[PDB]
Amino acid sequence: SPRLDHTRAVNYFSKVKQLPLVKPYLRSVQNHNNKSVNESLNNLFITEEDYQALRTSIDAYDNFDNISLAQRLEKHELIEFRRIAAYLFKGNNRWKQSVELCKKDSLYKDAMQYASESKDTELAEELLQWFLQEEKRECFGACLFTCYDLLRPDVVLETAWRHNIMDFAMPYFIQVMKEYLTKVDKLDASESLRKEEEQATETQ
Amino acid sequence: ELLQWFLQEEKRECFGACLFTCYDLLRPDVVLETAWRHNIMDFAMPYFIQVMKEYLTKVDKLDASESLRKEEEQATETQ
Amino acid sequence: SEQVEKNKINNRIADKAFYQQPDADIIXXXXXXXXXXXXXXXXXXXXXXXXXXXXXXXXXX
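Residue numbers (the entry's author numbering), protein chains in the order written: chain B, 1427 to 1630; chain C, 1552 to 1630; chain D, 143 to 169, 172 to 205.
Heads up, a few of these hints could be off.
[Said to hold, decoys possible] Taking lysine-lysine pairs in the BS3-like style, the calculated list, with each CA pair at most 25 Å apart, reads: (1) B/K1443 <-> B/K1501; (2) D/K158 <-> B/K1535; (3) B/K1461 <-> B/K1443; (4) C/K1562 <-> B/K1609.
For the record, the hints were derived by calculation from the structure and aren't laboratory data.
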């Protein structure tokens, strides 16, 4: 352990077709954050089908090629990695994961949750505009959008009309913002009166 | 309590869900919606919902007014 | 053998739609649960009757 360079080892294993013996050799190790470790280590958890470890195998040590790695995963059939390659590519960057969907990997599930944390607001119109032409859970769509402050303005609430006379009734949220914009109004009128009132004592 | 009951047992819900509202506001968003999920049809009536509208558009009048009060005096004493 | 075997098992416990997906969700909060609560939604939205509407409005606040 102590007083090896590791960098000059995994190399002799890889071009050996026998590197996995070192599987556990990578156990107590991998604290070194070394590349050859994660790098093939992932390659290992990939062809081996390991996700628990692989996920945790990177739930801390971030030393690797955050790219091609998810390239071999997407080429899979077993979504486990087509699900994480989805994550791996997104990684603390939500824009990738969504802007890369289509029919497949369009899960009526996580797709309604990975948008929320976003910041590129308008992408809501992107997603939503799409919900309309290709899906029907637009309800949960045009809604989970709204409730988070407001990133779904008038602009989007209408974009949907130009089209759907029928289809729109749902609201949970539109009112959440209503008395919200009726409560901030409460405290505001309150401080207005604050002012009024004081300007009444020192100078009635 | 009363309203929820009006629905399952009576129909003058109109006078119900209304005389409720006009006094300040005791009929918040919470109720104005309960009727959407629930009764699609049955809800159109309003006399009151708007009483609170320009009410929350008039208190807004005087408020914008005092906002400008501030603006005006500030810019003045400091131009 | 076993891994490729473990492989097919998914796409098998009520066909990668709320089986393997649920497994992944197990391996927002809920919160997120309340969201996936708006949730269920079959025959006709299968939700807003009781729990669904309830949690929904509640959180929405």
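Against the structure, the hints:
no. : hint                : in the structure
1   : B/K1443 <-> B/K1501 : holds (22 Å)
2   : D/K158 <-> B/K1535  : holds (12 Å)
3   : B/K1461 <-> B/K1443 : holds (18 Å)
4   : C/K1562 <-> B/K1609 : violated (32 Å)
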